[PDB]
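Here's a solo chain for you in structure tokens, the form deposited in one PDB entry.
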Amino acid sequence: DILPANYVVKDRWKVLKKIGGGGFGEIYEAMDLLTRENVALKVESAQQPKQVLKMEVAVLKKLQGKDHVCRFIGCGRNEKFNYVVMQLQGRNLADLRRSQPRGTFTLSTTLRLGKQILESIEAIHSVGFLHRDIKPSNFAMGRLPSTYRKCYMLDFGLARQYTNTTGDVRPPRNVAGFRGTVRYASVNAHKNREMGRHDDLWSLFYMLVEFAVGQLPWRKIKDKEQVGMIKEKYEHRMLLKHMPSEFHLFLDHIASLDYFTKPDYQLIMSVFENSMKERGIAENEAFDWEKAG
């Protein structure tokens, strides 16, 4: 570990325990000695050849003001490490789904989370970045009375700017080795093609099927190439057998997109809102992990 327990960063953030990472950087839960709340602290070695924290802080700062984004607390660089401190969130959607009796969320919870996640994807795209690792463990519910029903997008370590300085789409590289988690990667990512906005929406599509059905066909198939070949040959409409019928428009829309084209986020938002309206799903409903009725 880069930092041991009780290490104090900038005489303010006291490391409590490691909560993630290890390879590119490490993430800790820390005590803010000024404000007295716990926070998340990510560190990366100053000697590391591939350093992402400067880009990760840049995305986090650009997103301040948007919903579904952690508050920026601080950042810095010294001779041993670079660091970023941000608001700490709670339970992630991978753990919440596995804690459900049959490993599935209800359609009520699935669709409401889908709307929140779509909002966060449109937000990162609006500031010129792709997330590239949209997955349930990168979405966490709040941990406060003011946030416990809000879902947050986490971790910009694998993000990439898809625009130049003037808002134009950058050229795609001729090959781009995909970095994201195998289970939720799009077929385009599996082909090592430059990712676009549509590839983050493919990851959302797979997450929502997994939430409502409880599994994907390639779950626990670990080999990258084999998973991509299954997805390439799999009839995606078969994934929609027990999903709301309007998801066929979502699938058809994202299947029509290419690297360059801006998605129709409103079309996808309507798929979720219309699916909820038809089933009488309201925003005030308890999420599955909430008790008392």
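Positions refer to the first chain, counted from 1. So that the term is clear: the rigid core is the largest set of C-alpha atoms that superpose within 1.5 Å between two forms. First, how it differs from the form deposited in another entry.
- Only one entry in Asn78, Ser99, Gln215, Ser126 has its C-alpha moved by 2 angstroms or more between these two forms when the rigid core is superposed, and that entry is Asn78.
- Relative to the superposed core, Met269 undergoes a C-alpha shift smaller than 2 Å between these two forms.
- Core-superposed comparison between these two forms: the CA of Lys18 exceeds or equals a 2 Å shift.
- Once the rigid core is used as the reference frame, the Cα position of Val43 differs between these two forms by 2 Å or more.
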Second form
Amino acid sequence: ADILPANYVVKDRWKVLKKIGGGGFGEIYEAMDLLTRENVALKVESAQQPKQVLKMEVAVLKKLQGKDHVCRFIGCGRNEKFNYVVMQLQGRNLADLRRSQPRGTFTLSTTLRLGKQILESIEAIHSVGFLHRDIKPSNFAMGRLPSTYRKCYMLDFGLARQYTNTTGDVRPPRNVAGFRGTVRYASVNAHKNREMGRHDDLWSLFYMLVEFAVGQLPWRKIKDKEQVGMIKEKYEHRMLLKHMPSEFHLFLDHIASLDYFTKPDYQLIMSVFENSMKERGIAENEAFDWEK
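Please show me the structure of the same protein in the form deposited in another entry, now that we have looked at it in the form deposited in one PDB entry.
What comes next is one chain alone, with no partners or other molecules.
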């Protein structure tokens, strides 16, 4: 039973058309904005949920206004039954787009071009003092308009954590931190209950790109967090690069050397994607796999 039924109207403005997503922490709907006449995304969480994450989501989404790869903030509110955020509506997510591919793989062209946009999104959130902590294909969606269909948008800021403080400094990490994010894309550090850093969001991007190009990860079928962590610890990460562009060794080595305290070298990773494209004769203007 959905939190909101079809045609329910939020704050005399947003009319629920259909449920477009959900699972963790609540549900997301496509709604008609009765004031502006545009289709929007309405994200809701029940007010009786023990962990309320929309307060974080709203704060991060507002802090990100003006950045590329981010939904326009439309509104938000709270009541006794539910909390909500209203934002720009996008198209299909990357997990859905990958699963729809014949072999569940994207071409290197699509993989590398998505990698550039996701890396830019990751650098954008870190630049406002926040870690995403839940980097995964379903938290990235393509635009749905002729002016936005080749733009990839970063979604879901509910599990975000501010690593900076009021004075523009980096706060000390806690001695221990509860597991946050997806099991499939979490770094080994996240599995060990270490405080997550900027490098951990880059580990999730590394695993996503391997999954995009290869179609699977070695721990794909395992659901248990601990069993997955053991596989990732034991697994020779160089074996993940068998079918990857050779400059991915540079990406892997850089992230493997980082800790919570060290600012990543985002340009080093960008250079890996750019050289991988040029060495293959891949143009930036190429159509994405799903366009064909």
